[PDB]
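Shown next as structure tokens: one chain only, the form deposited without nicotinamide-adenine-dinucleotide (NAD).
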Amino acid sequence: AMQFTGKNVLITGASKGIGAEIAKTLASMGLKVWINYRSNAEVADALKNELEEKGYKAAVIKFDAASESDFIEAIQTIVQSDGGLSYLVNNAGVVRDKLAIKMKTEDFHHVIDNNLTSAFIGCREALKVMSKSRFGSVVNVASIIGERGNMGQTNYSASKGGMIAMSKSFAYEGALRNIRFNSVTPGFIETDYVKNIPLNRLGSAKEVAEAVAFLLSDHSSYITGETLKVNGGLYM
């Protein structure tokens, strides 16, 4: 177990895939995890249950990370239960791949609001809530697409490129008060194209999850404004 001065963590879009592993990983290292879900209570509750059965601390929380007012409410709820919030992971993300010539503005906004605006709101709240205690760490989960572009993903790459850039700006603003901001850019993660990956396999959600954890942990305390690639050598 990595070392955490903080006690709890909010993970957006934590119901499944990468968000679910981040919750597992961080729970296994002694943090109380808050598992944000948007729609399905049963999946999120089953995850919470699974973690409790292993002796870890976990809770579920319903909101839409793209909604300003839902995100503010959800933080107020956490501060009320736990006394504060030390850690945050902006993971909420959707895709809507189309060739640009076919893509409508609505398709572009849809991904921008759900991926970038959501991270802006989360990061803003983190700064509000973590400044009081002069301690925090935030990780934005982004993608290789945000660094290198992709055919059919003008909107995804825009939202991830934006997230990466934005996170650095936050890093500047949280720095004096020891609130760190960093990004992670997964490559191809399980859940053909393996040939272009030097490690010659897909990454697990776990491998991403453990890099997020490092960046939240005290081990990375002189690290802020960095992007950590977790892509098997696909992009260097």
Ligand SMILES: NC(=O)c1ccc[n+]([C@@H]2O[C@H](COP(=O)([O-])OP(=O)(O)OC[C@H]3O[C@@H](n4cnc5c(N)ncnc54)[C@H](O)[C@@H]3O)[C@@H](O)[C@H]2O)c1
Second form
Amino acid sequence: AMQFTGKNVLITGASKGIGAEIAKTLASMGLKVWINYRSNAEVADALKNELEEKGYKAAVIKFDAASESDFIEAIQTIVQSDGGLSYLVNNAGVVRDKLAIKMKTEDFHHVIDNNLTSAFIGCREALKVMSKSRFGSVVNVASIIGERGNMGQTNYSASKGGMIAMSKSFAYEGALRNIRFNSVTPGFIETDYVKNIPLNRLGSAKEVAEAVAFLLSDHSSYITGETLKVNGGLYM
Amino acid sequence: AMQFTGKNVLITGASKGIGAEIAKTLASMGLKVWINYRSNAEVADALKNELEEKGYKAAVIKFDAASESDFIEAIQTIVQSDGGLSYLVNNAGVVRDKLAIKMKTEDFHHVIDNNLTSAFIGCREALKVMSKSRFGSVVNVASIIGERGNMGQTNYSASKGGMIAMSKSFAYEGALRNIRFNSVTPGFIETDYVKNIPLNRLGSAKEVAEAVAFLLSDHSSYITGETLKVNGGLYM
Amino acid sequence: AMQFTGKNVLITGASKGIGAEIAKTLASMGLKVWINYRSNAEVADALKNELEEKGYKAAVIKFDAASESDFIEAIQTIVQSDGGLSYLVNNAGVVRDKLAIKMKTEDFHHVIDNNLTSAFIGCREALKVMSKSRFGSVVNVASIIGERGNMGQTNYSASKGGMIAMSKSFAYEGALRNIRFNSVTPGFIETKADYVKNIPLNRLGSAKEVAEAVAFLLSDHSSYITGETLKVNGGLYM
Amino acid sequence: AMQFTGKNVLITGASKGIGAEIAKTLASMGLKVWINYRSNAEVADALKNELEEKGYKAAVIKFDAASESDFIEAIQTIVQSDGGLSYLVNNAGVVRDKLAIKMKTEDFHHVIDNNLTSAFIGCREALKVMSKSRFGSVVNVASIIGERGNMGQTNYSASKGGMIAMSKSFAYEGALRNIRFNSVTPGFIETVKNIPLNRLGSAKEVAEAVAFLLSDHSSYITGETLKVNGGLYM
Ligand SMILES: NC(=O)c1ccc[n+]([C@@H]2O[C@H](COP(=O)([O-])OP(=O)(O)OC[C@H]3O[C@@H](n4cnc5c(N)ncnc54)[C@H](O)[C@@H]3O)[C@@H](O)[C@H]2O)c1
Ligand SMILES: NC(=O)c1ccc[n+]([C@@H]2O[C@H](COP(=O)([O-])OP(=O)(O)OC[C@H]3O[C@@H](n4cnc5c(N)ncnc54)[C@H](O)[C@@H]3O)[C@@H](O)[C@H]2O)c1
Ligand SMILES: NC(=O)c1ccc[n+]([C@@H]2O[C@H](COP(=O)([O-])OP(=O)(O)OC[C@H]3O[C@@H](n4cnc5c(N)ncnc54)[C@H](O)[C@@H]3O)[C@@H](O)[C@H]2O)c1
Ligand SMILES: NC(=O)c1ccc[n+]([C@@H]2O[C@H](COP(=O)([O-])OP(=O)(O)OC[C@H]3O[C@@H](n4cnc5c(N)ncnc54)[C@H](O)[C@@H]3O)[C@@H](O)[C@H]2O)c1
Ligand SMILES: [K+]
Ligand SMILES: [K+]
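Show the same protein again, this time as the form deposited with nicotinamide-adenine-dinucleotide (NAD) bound rather than the form deposited without nicotinamide-adenine-dinucleotide (NAD).
The complete assembly is shown below, putting the previous chain first.
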């Protein structure tokens, strides 16, 4: 379907949920997908096998995206196998929801390190590896909570709002070397609140993944520094 | 080959510029394209012929998109010809730039009538014809000037900012019947202070047209009431 | 309270509701307030009398803000009385809510003319009158419906979204002559229980609360703020 | 010049620049201002003295706003002196500008810790101390770079964009107990081609916007971001 000049993609935290669908979608469109996981290899291998069954190209790779050295090593491993890397999706993320008055500084750092620091490392390394080839596209998976806020999510909103803003700054740095940076802000996705969603249902993971795909693809070639809402009309 | 459940599209003001590219791009993806024009049939026919020579489906249809009765009649013609209409692009637009102190009320009305009232009529009629079949997607071609403003463009910014806000309201009204409404906000397009554009060049009409296509396509099925920036990083 | 370099203000549609409060608030801060009305003079005169009895300066002035010639004449009248005009608030506005499929073109024009065209005429004339003295501030009273949209309000959202964007363009044009243009976007204001659940501050806003925001954007305290949109919605939209 | 129901305010990083003006402006409007500093007491004392000589109420207080235990202790000290605290301004901030490819992880953390973590701690404690009395207002000093991004400022934009989003979440949590949270996003401020008003903003102009958001005049404004950039971003 969608046109891609590039040949491969790394997706952080891709073993399950939205990360998994991104991998499926992109593999189905001819990209070699690198599925990142932290601990359980079984789940990632099962996804890789499922894609290979369908004739697609996929590999798995173990690392903690919040660890600088692990992320650097992982990219070097990909560069050795494929000769380079055209696309990166920073999807790795956690939640630790508490009312602010009950929330320790450690709770805040936890979510900042895994959600925002992870993405900084990814975007930085994408910049290093893609500048050689003078081409690339990077997508940061943010959230409606980063635009709008939410009760009990001071730490998560902070990290996703920081991600959105940070992505703009990278877009300026990547622009002359033709490396684009964009964010997606999904609403409520499957895997009462529905009342407020105009389309009247939760979004599928696939619908988020096809938006990520568009931003990576050649079709979005004059789009950089933008935030793409995928929330069913919940926030406009 | 972006995926479309729908089979045809109407594009206002499609004889030339961005409108023409939208027609080319969508016809190349298997949609039957209705090319709207006001006065000169030669130009529209030439485009229609060009597309048919490539094996695509295209027709031309004459109307003033600011005239309610003309727009209604045109849609009824398309409904009888094809059986329905799945997609609409409100692209018809003009400029009449002057400093505000030099601008007459008629200068303001001119740009409001052709840019915003035209879009209201289109969105309204899209809602009537598409609600039957409980499916549709509509794109309003707005502008960076609608988000940001500009010297000498009080009337243009008014009309495009009104378009963007109006589109959101339609999105609420179309949501339960699965009719999506979205806006595109192009930056400067070929058709300088390129200095200020991070990607360091003007956008092509294609690049705007492929963003429109994405918002019409099935890939954007959880995206409604959104505004998609296509400005090369000039506004983030 | 708030510091104003300017001496007077025109407020469109000021006889009642939010417009009235703006007039009260600004008169209470030492400005001479010009209260615009279309038809009923009784209500405007009552408000003018109330303010004079408190020691404030006020006058009333009749015009349709959607009529260019009426608005031009009104400004000339004010210029003759006071010698100039430092502040303008475009507050005149109407609603005509319908689902889009039931809405006539004339329903759309009605709201555009009264809400957006009115503001264009005000902002334009403000620019002409304030550029002489190289000083002014103008506020456009928009709405949360202009940022966010709403079912049944294709015409209103259009007009207020247009007003917001149009204000920014005027800000660029006014900037070198130190004429500032800004918008306020009020949420739901009193002058219910469905709306209120969703409002974090858990109540409708008062007219006074919108009027003190307008006042801040006119005042010297907002002197580095231009082309901005100030939300006054109790957290309903962030 | 402005009405305040509350009686006092804490301002982080208030010894100099924008922080200092906020202190001057708020003290000149009848608030007792607590001037926070990290290291150099001379500068803070001089400011406190200057304000007392003018008849105003001021004190200084030493702490690192990025340190949870320091910030908690400081608020407890204020509560014992004044009986409570109605207003807080998270102004403490730094920059460490580099192109991303030249930027170490520690350069990133440095700016996150001092700009965003500092604000989290302030907002959280403001929530604890103001809930008692069911009244308060808090302002986060963010930046245009948080809305818009900038070359060489991946870390700064991250921290200020995070601050802007975070403040909204606090606004939800504070709303029940009538505690408002808002951000200011200043443009380029003095210690130009692109700025419509054609000059850098003064610190005073930022300080009067902060004051408005703390004052009773902004009582139906919460979760908002107030641009103070002279038209440089709209
Ligand atoms: N589910 C939603 O409603 C929703 C809404 C808005 C945004 N998002 C965002 O979309 C993304 C994916 O959500 P999801 O539905 O896949 O959730 P999920 O429950 O699958 O969790 C995210 C994935 O990231 C991985 N991960 C987390 N930290 C990591 C690290 N340091 N290194 C490597 N991998 C890591 C996890 O293993 C997990 O598979 C996240 O960034 C999330 O915050 C989700
Ligand atoms: N050129 C740009 O940089 C740019 C940037 C952002 C947005 N846009 C918008 O995208 C759209 C396309 O503009 P373009 O640059 O291709 O301009 P253009 O002048 O090349 O073409 C616009 C077409 O729309 C037609 N049109 C105007 N009013 C009409 C009416 N009432 N009925 C039928 N047709 C009508 C014109 O006659 C023309 O055929 C416009 O809405 C424009 O405002 C353009
Ligand atoms: N009231 C709300 O909940 C609310 C919320 C958001 C925005 N607003 C905006 O606040 C502003 C004031 O509204 P309000 O609630 O006080 O409404 P209102 O109807 O009580 O007051 C508006 C006044 O302006 C008058 N008016 C309308 N068109 C006019 C014209 N062309 N010339 C002169 N006067 C005219 C009205 O008849 C009325 O006297 C409006 O711009 C409105 O769109 C209101
Ligand atoms: N200067 C500008 O143009 C500008 C523009 C937009 C935003 N801002 C913001 O305004 C705020 C004030 O900036 P300024 O221009 O006055 O800078 P400044 O460096 O002159 O003073 C800021 C103060 O913050 C203090 N500080 C930093 N980290 C701290 C910590 N962890 N604990 C305690 N104190 C700490 C510093 O020591 C310094 O005294 C900052 O948050 C900055 O990002 C400044
Ligand atoms: K967007
Ligand atoms: K704002």
